[PDB]
Structures are given as structure tokens and as C-alpha cells.
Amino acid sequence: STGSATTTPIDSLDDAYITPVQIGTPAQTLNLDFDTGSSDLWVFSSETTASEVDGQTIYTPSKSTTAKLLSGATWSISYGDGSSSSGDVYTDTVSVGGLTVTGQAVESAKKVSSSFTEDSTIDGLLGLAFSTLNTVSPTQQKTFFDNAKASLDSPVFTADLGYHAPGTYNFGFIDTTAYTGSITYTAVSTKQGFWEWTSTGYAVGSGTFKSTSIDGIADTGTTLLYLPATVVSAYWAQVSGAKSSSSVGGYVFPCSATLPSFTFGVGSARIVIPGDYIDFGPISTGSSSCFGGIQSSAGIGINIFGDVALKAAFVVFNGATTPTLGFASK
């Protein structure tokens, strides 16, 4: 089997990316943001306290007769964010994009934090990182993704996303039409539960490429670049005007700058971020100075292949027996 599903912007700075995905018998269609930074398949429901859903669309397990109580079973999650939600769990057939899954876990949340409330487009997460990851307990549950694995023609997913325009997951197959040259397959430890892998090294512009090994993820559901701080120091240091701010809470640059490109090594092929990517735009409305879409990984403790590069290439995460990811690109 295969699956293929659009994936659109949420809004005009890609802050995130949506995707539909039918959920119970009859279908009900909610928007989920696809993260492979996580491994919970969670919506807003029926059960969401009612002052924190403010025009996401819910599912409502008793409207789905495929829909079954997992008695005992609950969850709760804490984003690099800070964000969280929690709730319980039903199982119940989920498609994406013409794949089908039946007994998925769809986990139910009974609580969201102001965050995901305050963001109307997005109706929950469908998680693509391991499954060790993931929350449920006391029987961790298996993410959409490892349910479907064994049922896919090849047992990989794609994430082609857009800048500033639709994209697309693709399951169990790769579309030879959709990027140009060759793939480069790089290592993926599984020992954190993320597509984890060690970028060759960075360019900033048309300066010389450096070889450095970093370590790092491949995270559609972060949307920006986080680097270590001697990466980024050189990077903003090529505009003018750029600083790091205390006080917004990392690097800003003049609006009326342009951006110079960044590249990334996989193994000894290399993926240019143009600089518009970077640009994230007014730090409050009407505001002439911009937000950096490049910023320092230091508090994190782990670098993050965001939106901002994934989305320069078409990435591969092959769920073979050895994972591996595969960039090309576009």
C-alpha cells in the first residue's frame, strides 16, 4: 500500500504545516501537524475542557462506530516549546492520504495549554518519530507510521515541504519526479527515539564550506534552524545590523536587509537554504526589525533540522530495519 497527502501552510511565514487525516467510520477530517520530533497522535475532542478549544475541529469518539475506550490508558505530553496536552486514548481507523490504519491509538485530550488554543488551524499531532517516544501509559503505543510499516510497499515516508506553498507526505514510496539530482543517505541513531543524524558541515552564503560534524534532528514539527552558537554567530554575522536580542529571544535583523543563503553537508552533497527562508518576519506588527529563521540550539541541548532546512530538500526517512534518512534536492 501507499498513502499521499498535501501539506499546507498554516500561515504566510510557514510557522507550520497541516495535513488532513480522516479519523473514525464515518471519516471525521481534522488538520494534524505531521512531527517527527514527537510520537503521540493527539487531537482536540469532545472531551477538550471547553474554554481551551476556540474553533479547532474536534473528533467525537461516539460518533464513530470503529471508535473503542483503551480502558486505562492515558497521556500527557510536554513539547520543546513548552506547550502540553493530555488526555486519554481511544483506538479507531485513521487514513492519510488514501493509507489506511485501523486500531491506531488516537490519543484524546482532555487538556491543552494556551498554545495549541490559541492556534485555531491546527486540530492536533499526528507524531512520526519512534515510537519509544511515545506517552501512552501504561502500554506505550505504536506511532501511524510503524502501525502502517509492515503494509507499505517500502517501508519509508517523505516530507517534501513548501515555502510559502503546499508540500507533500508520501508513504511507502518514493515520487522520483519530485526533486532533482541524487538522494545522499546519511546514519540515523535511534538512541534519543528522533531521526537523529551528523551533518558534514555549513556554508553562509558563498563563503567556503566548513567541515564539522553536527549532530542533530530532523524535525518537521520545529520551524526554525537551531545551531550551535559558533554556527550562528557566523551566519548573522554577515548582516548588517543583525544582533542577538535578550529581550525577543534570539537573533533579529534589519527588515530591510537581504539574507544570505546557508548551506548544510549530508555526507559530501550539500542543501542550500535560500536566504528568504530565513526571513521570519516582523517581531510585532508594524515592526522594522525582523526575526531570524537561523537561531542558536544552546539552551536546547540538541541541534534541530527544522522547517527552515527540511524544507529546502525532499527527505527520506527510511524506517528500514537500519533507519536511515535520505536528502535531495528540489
Given for the second form:
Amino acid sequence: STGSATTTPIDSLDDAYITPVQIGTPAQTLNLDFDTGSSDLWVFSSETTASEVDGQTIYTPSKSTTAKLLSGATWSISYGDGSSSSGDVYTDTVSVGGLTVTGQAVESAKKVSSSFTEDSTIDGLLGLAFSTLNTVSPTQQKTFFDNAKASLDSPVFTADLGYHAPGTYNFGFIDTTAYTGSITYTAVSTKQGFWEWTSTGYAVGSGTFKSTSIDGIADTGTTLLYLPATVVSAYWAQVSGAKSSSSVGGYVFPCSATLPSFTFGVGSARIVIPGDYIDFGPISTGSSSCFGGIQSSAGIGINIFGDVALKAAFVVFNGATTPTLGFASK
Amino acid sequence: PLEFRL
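Alternate state requested, the form deposited with the partner chain bound (shown: the form deposited without the partner chain):
Then the entire complex follows, led off by the chain already shown.
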């Protein structure tokens, strides 16, 4: 059993990427945000408060013949975003890219925060972190990936995110076609329930590589690259005019500036993020101030290799019984 | 931007 689905950025900034997923019988197709930094499959639904849905596609569990209430069961989730969502829970048949999983927990939004309501292109999240992070009560549920694992040819998915362009998520196999050279695998710590790993250092542009251990999480569900304040200060030092803004809340740089690339280390290998990836465009419509893609982790508590770093690479999430993270160039 | 369970 394998599965490939095309994943598509939601806007010209690549803020996020949506993937179509089939839920229910017959299928209702919703566009979900694949999130390797959470563990809940949650969807906008026929129970979602009507003043809280826009032009999202909703999941109607009463039109699925496979859909069943998980009685008493209940969820609540919160994001680094400050984003929130909650409700009750169904099991149903979920399909991604022709890979089918039956009796998947599909967590049906009753409530949803403003940030989600104003995002019309995202119909819900599909969490692909480790199941310990799942939020359903009183009985914790397993992720889609966990439910598929056993059925899979290999207990693996890959992420191949595009810069300004569609990409692919594969399940159960590695497209040797999709990257260049070698995959470099590196150890994953599961203890916090993240795809948590340890980078071996960094370079800015054509600069010397500094060997220093950077611990953080592979998170397809975060837009930006979040790195320690030291690292992030060295990057923007090389961009004339760049400054940390208290008003906008991060580093901004004049839009007419050239952005150096950013290299990070996985084992003895190196991934270069071209500087174009790091431009997130005018902080406001008309401004000549542009928002940077590398921002300080100091206020999160954790470093995040979000989409800015992952879309520079071909990324393997090896969900074996000792999990690993592979990076290749593409 | 978005930042998915931190």
C-alpha cells in the first residue's frame, strides 16, 4: 500500500500548503493542511458554529454511511499561533492519494478561532507528529500515519514542498527520482512528541560554516524558519537596512535588498536555502519594508524548521521503530 | 504565517 497526493501553496507567499483528502462514504473531499507538528486530524464540519465558517468546505458526518459518533469523546487544541479549535469526534474512512484508512478519528470542529475562520483555503488540519500529542479525551487517538504504518510498504512518508509551486507527499515509499545525490539521515528524539532533531551548524551566504548544535523540530505546519537569536542576528547583519522592528514583531528589510542564502547542517551534509526563499514580501500592501523568513526562536522555547527550510530539501520522515529524519538536495 | 502544537 502506497499513497501520493499533490500539495499546493494557498497563496503567492507559500504561507501554507493544502492537500486534498477524501473523508466519508461516499467521499467528501476537503483540503487539509498537513501538519508534522501536531497530532490531530480536525475538519470544519456541519457542527461548526455558522458565524465561524466562511467559504470553507465542511465535512457533513450525517451524509457519510461510514461515519460514527465516538460517544463522550472530545478534543481541544492550541497552537504556537495562538490559534484554537475544539469539538467532538467521529470515526470514518479517510483516503489520501489512494491510501485508505478505515476507523480514522476525524475530529469535528464545533468551535474554531478567528484566525481559522478568516482562512478560507484551509478546511482543517491533518497532524503527522507522534500520537502522544493527540488531544482527544477521554480516549487518546492515533494519527493517520500511525493507522497506515502497518499497511504501508515502508513505514515512511516524504515531504517535497515547492517554492511558489505544487509539491508532493508520498506514503510508503521514497521517490528516488525526486532528489539529487544522497539522503542523509539523522536521529530523531520522540520525547516531546515532535520530529525533533539536531542540526550540526550553519553558514550565511558564502561565509564560513559554524559547527554548532541546533535542536529543533521539522514542522510542515509552520511557515517560517525559527532559529536562536545569535544565529538570526548573524544572518540579518549581512543585509543592509535589516532591523528588528518592535512594531511589526520580527526582522524586516528594505524590499529592494538582496538576501544571502542560508545553509544548515544535517550530519556532514549541508542544505542551502536560496535567499529568495527568505523574502516574505511587503509587511503591508504598498510598504517598501519586506518581512524576513528567518526569525528569532527566543520567544517560543523551541527552534522550528518550518516550510522556509523544508521546501529547500527532499525530506523523509522515517517512522520506523527507531525513527529518523532524512534530508536530500533537490 | 502559521505555526501549527507549541
